[PDB]
Amino acid sequence: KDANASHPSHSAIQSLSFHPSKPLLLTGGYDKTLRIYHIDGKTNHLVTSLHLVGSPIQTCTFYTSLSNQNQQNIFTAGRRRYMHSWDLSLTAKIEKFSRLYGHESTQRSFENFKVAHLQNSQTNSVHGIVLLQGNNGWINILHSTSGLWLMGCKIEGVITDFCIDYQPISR
Amino acid sequence: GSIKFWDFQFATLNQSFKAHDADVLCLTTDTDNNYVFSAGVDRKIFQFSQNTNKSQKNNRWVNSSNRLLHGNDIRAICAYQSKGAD
Amino acid sequence: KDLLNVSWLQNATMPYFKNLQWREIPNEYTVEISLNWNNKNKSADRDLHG
Amino acid sequence: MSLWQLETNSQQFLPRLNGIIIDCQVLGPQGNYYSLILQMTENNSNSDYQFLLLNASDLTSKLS
Amino acid sequence: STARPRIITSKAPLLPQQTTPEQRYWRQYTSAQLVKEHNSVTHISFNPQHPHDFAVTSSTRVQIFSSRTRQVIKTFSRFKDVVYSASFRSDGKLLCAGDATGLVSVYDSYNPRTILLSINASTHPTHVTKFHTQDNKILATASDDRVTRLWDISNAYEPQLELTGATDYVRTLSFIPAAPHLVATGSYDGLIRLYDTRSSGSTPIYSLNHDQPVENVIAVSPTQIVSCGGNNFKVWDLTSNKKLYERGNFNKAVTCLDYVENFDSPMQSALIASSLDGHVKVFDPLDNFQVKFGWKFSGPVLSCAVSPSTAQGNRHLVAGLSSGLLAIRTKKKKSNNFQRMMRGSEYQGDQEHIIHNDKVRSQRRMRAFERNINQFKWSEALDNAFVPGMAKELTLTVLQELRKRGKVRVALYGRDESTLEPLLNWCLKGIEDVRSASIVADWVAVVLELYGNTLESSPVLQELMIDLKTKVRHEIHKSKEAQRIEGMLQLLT
RNA sequence: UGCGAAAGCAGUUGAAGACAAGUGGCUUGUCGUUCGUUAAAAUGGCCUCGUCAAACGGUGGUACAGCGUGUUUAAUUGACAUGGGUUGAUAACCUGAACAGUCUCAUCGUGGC
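Chains as they are written, first to last, in my numbering: chain B, 1 to 171; chain D, 172 to 257; chain P, 258 to 307; chain G, 308 to 371; chain R, 372 to 864.
Honestly, I wouldn't trust all of these hints.
[Claimed, not checked] List time: in silico EDC-like cross-link candidates among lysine to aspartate or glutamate, alpha-carbon distance up to 16 Å:
(1) D:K189 <-> B:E104
(2) G:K369 <-> P:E281
(3) D:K189 <-> G:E349
(4) D:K228 <-> D:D178
(5) R:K800 <-> R:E852
(6) R:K842 <-> R:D804
(7) B:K154 <-> D:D257
(8) R:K730 <-> G:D365
(9) B:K96 <-> P:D302
(10) P:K299 <-> R:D452
(11) G:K369 <-> P:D302
(12) B:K93 <-> R:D729
(13) B:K93 <-> P:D304
(14) R:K730 <-> P:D304
(15) P:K297 <-> R:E846
(16) P:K297 <-> R:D804
(17) B:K22 <-> B:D40
(18) D:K225 <-> G:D365
(19) B:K96 <-> R:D729
Don't read these hints as lab results, they were simulated from the structure.
Take these sequences, add in the hints, and give me the full structure.
Structure follows, in structure tokens:
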């Protein structure tokens, strides 16, 4: 059965992500709402649905940390200078990231982000990073809980896309 | 006003500092490249340092200091460093 | 005896329950539940004016 | 309250905090809260401190 | 953390004769049109139903003007003598005009060529003709025969009722706006008679003694009616037969009245009055018929009207003068593929469980002095004060913000001759006003405290200081003589 | 500092010790030192979260100014893909899934654009 057949979408579905563990599918598009569907075979029902006014969304991602695997954030963003982060609690507590900590000129839209894991490499402490693709060649990497700008990576040309690879080292 | 440091192989930026308020006309370095001094039309001389062992093993310049000594501009800067002259 | 526990699903698959004294309710009884339909997301760390 | 990015020496500010900051510190395991003590020194007749933590994400006063 | 408080514009204690909401609303009736008529404009009525046209009765023609172009759309010229009254029916479908030969002729409106019926009333001139306001098929015509007549417009041969009883020159009718059996007529002997039409009709049920010869009687409530005649107008409760207000705020005789209800206004009701000396005034029936605004015109104003209660467009006040001209013052009022790609941008969360809203409201744009005070550019804020296009309260509020906030001296430190002349050249103008002169005093005192040597060097601000000295001399003569007047009426307590 | 009224009316400003500089002393100046008295400066300034346009309601002085229209005594709607790239010493141009249900376009014909 078509997953959003239970509750129709009012726009083109711009991004789409499953949960890492739960049977949940998050859809979202330019009608500035994001919907979670409990999927199964027969009856894909709608878990919950949050309409962010004035903020059409273009990328929406389930993040789930590696330390305790108990956070379950949803990071979502469109052609805006902010990016929302909903903390899943089953009212809804969402926060807004809107500060590039000195780097606002090189990041004028939070559209193309990706969420990934990062290790401290002096402790064995991981934390999530969001990675924003900016204007010149810039990728602005920032913390997924505090929003602090961690580092930036500039390529030479027109940055078009990027991806995240991981490689294990030891135990 | 920005001062950028670029890895030569891979031809790509390592770190950018937003140091001056207007153009950076002239910049220079010492012998062992523990410091980079820089100056321009906003008439301050900035010093970017990499002298710490952690700075040298991490290749991380820091924006160490900044002095206001000139009256109008700085169009030329140079450095000499010897046993009895630095 | 005198106690009736009904079940439904509040979100998509999570069961919610309700106890009822079924002997003293009327015949055509319509249980009312509070369920999110258009409610403005009132954050606890912010007043209503944003 | 300023927070200095020590890589590029870049400040991020939070400017009108109804008291002077006499103590500030990061708090969480990932550093998601800042706790502050604000001394509120418009009255000179008493030392009246406001305790204000705030989440580091959007810099909003969670639990003043 | 908060948002930054806006710079509050310095408001002083209010002076007398402030701008009331009533006079702000009635003062935005502007862009006057003066149309020269062939003779004195005696009557003017408005279309009720699409309340957007008005008929002006000049001599021997009646012109319907439109309320969007203010030109004559249509005109009625086939009268033999002076046409006197011209009013629209309550459905706005046809137009009656009483004529100086006692021939009421009713055409249909918006068609001057089809005269629908010509009631031959009295041989005397018929001076007022109006349809019923409740009923549609009865027309009340009073004439210089001292008798009004109610005509059924089906049987237009004999009048269906003949309201006599008045001793001299009945010039006005009116109908009472809830009881449709009740006709109040007004004559040049005073004595508003009023008649129940189910009775005989040759005797009024009572009579209201306006002492002056009345010129008009209108009905405001279903209960109270207003009669103008002579220098005043009086209002009469009709359930109790009794006068309860009288306003005599004119010099000459009040010629006409009309009344507005429920229209878009601070005033919930408005009676305006036109009075043969140039003045038309508006009185508010809710606070005891007090006058709120007025217009003065270039001659004796003979008749006036406003747009009716449901005008929904360009709103008009018209006044026709005895000079033979007409004055109107109005207040006015990408691809289908791309849209299918960008479909959802107008949804606003209807079927959605939670609806989050944290888009902050966009506030008013900051002026340059306010953003410079924000950016702590205090000398630049003083410079932004003394540009030419700045309001006087805005220059005052940035002076007061720099005075309270930081330092006059900081704002004045790096100056010289060419950059102080704006400040002192404004201080010449600001020393006259009461609200500015304290701030002007301490700013001039500080600038002569810390620029006493530039006083010696530059001669072209010495003369500015001398002009400032004579200004403070004039102002101190004024502030002394005000204290003398204060004492000389303290003596009279 | 005390009494006061918002004016004013009475009182001042010592000692010890340590350290620094200058020329063991002498001079000068300090004190995260004590006892007694009611007693200007290190170039170093305040965050993002959406602008623009047009109204409307009160408030001051109707073009001027200001506050508000999320609920209020009252009173608001609308545009824009809130990006990227090239010049530009703000704009123009290019660009992202940007023609096409009232189907759009091409080409060959037929009849009268």
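Here is what the structure says about each hint:
no. : hint              : result
1   : D:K189 <-> B:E104 : holds, 12 Å
2   : G:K369 <-> P:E281 : violated, 46 Å
3   : D:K189 <-> G:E349 : violated, 37 Å
4   : D:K228 <-> D:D178 : holds, 15 Å
5   : R:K800 <-> R:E852 : violated, 21 Å
6   : R:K842 <-> R:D804 : holds, 11 Å
7   : B:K154 <-> D:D257 : violated, 35 Å
8   : R:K730 <-> G:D365 : holds, 14 Å
9   : B:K96 <-> P:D302  : holds, 13 Å
10  : P:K299 <-> R:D452 : violated, 76 Å
11  : G:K369 <-> P:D302 : holds, 6 Å
12  : B:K93 <-> R:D729  : holds, 12 Å
13  : B:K93 <-> P:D304  : holds, 14 Å
14  : R:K730 <-> P:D304 : holds, 14 Å
15  : P:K297 <-> R:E846 : violated, 61 Å
16  : P:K297 <-> R:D804 : violated, 52 Å
17  : B:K22 <-> B:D40   : holds, 11 Å
18  : D:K225 <-> G:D365 : violated, 32 Å
19  : B:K96 <-> R:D729  : holds, 9 Å
The structure is inconsistent with the numbered hints 2, 3, 5, 7, 10, 15, 16 and 18, although it conforms to all the rest.
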